[PDB]
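The primary structure of each chain is shown beneath.
There are 2 protein chains.
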Amino acid sequence: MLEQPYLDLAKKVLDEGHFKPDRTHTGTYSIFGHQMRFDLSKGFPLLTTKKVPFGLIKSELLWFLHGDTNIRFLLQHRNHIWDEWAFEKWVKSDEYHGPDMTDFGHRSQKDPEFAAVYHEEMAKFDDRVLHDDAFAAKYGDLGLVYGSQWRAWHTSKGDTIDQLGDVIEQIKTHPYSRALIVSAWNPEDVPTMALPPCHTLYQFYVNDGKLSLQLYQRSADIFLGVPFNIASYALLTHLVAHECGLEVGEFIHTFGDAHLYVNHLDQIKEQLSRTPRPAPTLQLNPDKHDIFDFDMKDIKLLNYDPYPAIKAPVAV
Amino acid sequence: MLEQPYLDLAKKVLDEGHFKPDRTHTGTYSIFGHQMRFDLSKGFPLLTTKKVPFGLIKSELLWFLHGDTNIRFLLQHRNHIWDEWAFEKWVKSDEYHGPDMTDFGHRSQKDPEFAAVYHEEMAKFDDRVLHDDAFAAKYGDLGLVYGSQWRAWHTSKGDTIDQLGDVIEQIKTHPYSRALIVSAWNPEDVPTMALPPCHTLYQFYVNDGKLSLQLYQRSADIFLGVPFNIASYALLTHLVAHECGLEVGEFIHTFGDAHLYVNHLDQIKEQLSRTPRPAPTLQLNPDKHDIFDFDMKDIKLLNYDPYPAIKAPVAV
Ligand SMILES: O=c1ccn([C@H]2C[C@H](O)[C@@H](COP(=O)(O)O)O2)c(=O)[nH]1
Ligand SMILES: O=c1ccn([C@H]2C[C@H](O)[C@@H](COP(=O)(O)O)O2)c(=O)[nH]1
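Residue numbers (PDB author numbering), protein chains in the order written: chain A, 1 to 316; chain A', 1 to 316. A prime marks a further copy of an entry chain.
Bear in mind the hints are in silico, worked out from the structure with no lab data behind them.
A hint or two may mislead.
Put simply, identical chains are the same to the list, so a pair is met inside one copy or across any two.
Claimed, not checked - Derived DSS-like pairs (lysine-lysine); straight-line CA-CA distance at most 30 Å: (1) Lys20 to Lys172; (2) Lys157 to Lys138; (3) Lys89 to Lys157; (4) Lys42 to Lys11; (5) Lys210 to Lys20; (6) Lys172 to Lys12; (7) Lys110 to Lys51; (8) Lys12 to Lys42; (9) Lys51 to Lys300; (10) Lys20 to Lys42; (11) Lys50 to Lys172.
Throw the hints in and build the complete structure from the sequences for me.
Here it is as structure tokens:
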């Protein structure tokens, strides 16, 4: 079926993936360099071998698409994918008066009581970002997250470039352009970032009237990351095609360091014994065409019928 | 043999490569998305199925390595790879008093006399850049060529970053870093460039004590470009390893738009009937270690024994 390339990457890593020490304190089995591709005319590459929440994907993408850097948008749609990053800022600031929270991610993963204290504090934070406009403005704003690199690349003139909106125009005028690239990697900022963009750079290509996208990920966590990463960019490819009145082609996923955290081995294995089902089908709103103005209800997933979810530890 | 991956890309493009209109006015057969890899412990991937001038590769690389943007360095080593770009600037400037030269590349490819006039003017230019220090400084300096993007990324503070020297330090301190990336793609400059960098971005990786590099090329001309592109980055990988006291691993070559100009079909075909020979062997100077201070005589190619050269039209 459609998702086989994923399953083959997992198998691949389990076999010849070498043990390499990673930034976190968990180990990894990894390979360097891998291309994988999905034919979007065959369906949406949302894994059926485990329930992946399409909502977190759909709302996070619109977030980037709006050039939004404030977590407040995510939280209103019950998306806490980025909470961790806002919170850490809030914690080491002068206005924080409460439990230590140092190394919170590790400490919570290691202490029962702490985790509960953590969720009380993070619960407080999420309420402040939601209601206190000044708080949201001072702590919910991440600054350098995708939607900013995509839609507001700050120039040396202090100006700002809409990389994405710009390339979409070139796609409509010079479809045969071999430079329809959007990059999220800025050398001046990357050395002072908690996490440089994993999704370094992507490229569009148009031939025979159908759109294609190739993403370059410098670091991927197979079991947890990739299932989300694939759906995000396959979805981007759809929306861009919708806008450009083009047909959908292929999503090519190139990798740098593709890895599997050792604390995920049993889970990946169990998944590897499941039989892919017929991939779901995506439906974008026919009437709406400005994908920058698209909202939740304009993107639908039909016939998604996956296997139960596989819970697994997040590495630290 | 070693170069089979190249030959397979060529075969691949000839078979399912679709005809796509390109920027120039020649046509192309192309594919979007391709990974190819070479095991540098097996030898240097300099094609034996046709004589590729290692010198133009070796001297151009040192050029980039020195953060040099002035063509004057190339010309002293009889390298005219970049002349075309300096010259065009010189031509449309106030100080140019001579034959029209408009569209010179095409006009020369189309007129016998013109071509001779062209080579007289370009001969003049090359002598001025070589001897007139102010001329060299005003016309030989390209400004935004690789060695600048690599070793002097201009920041928004007007400052300058040595991307390359910086990553080499991280390789020596955090070998297991999944962010050892050097990028040559700057969104603010790319929309005002004759040719945005084809060699968009590369990534290093270290495991089991041996270095690896993966290059991402957004546009490749199989017959003419790639044979040079491969040797350039395989060589970079060697020098970086030499510096870091590491072993050499693999060169992974990912592609965006890989193409074959139709005016190269007979030539590629003829090459495809040749039988690869044993790949040559590279030797870097054992005593010298600062690769930024390396010069010609510190890099040697042993046992290179290729088939005759294949002359073919440059597309325009
Ligand atoms: O969408 C994403 C975002 C992150 N990661 C992972 C990759 C690594 O596991 C970690 C980033 O590690 P570093 O390369 O920064 O060290 O986060 C993914 O797999 N997918
Ligand atoms: O080292 C190089 C440099 C350039 N090119 C080619 C790729 C294309 O043939 C042309 C650049 O075309 P655009 O993508 O800019 O349109 O130059 C190569 O193959 N190898």
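Here is what the structure says about each hint:
1. For the homomeric pair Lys20 and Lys172, the shortest alpha-carbon distance between copies (16 Å) is at most 30 Å, but the shortest distance inside one copy (44 Å) is not.
2. With identical chains, the CA atoms of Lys157 and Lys138 are at most 30 Å apart both within one copy (25 Å) and between copies (24 Å).
3. When the C-alpha separation of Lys89 and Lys157 is checked against a cutoff of 30 Å, the pair qualifies both within a copy, at 28 Å, and between copies, at 25 Å.
4. Taking the shortest alpha-carbon separations for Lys42 and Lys11, both the intra-copy value of 23 Å and the inter-copy value of 26 Å come in at or below 30 Å.
5. In this assembly of identical chains, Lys210 and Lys20 lie within 30 Å of each other by CA distance solely across copies; the values are 12 Å between and 40 Å within a copy.
6. For a Cα distance limit of 30 Å, the shortest separation of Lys172 from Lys12 across copies, 29 Å, qualifies, whereas the shortest one inside one copy, 39 Å, does not.
7. For a Cα distance limit of 30 Å, the shortest separation of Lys110 from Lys51 inside one copy, 27 Å, qualifies, whereas the shortest one across copies, 62 Å, does not.
8. Proximity of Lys12 and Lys42 under a CA criterion of 30 Å is satisfied in both settings, with 24 Å inside one chain copy and 23 Å between copies.
9. With identical chains, the CA atoms of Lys51 and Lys300 are at most 30 Å apart within one copy only, with a shortest distance of 16 Å there and 55 Å across copies.
10. In this assembly of identical chains, the alpha carbons of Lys20 and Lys42 lie at most 30 Å apart only when taken from different copies (23 Å versus 36 Å within one copy).
11. Taking the closest pair of Cα atoms, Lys50 and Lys172 never come within 30 Å of each other, the shortest separation being 37 Å inside a single copy and 40 Å across copies.
In summary, the structure is inconsistent with hint 11 from the numbered list given earlier, while agreeing with all the others.
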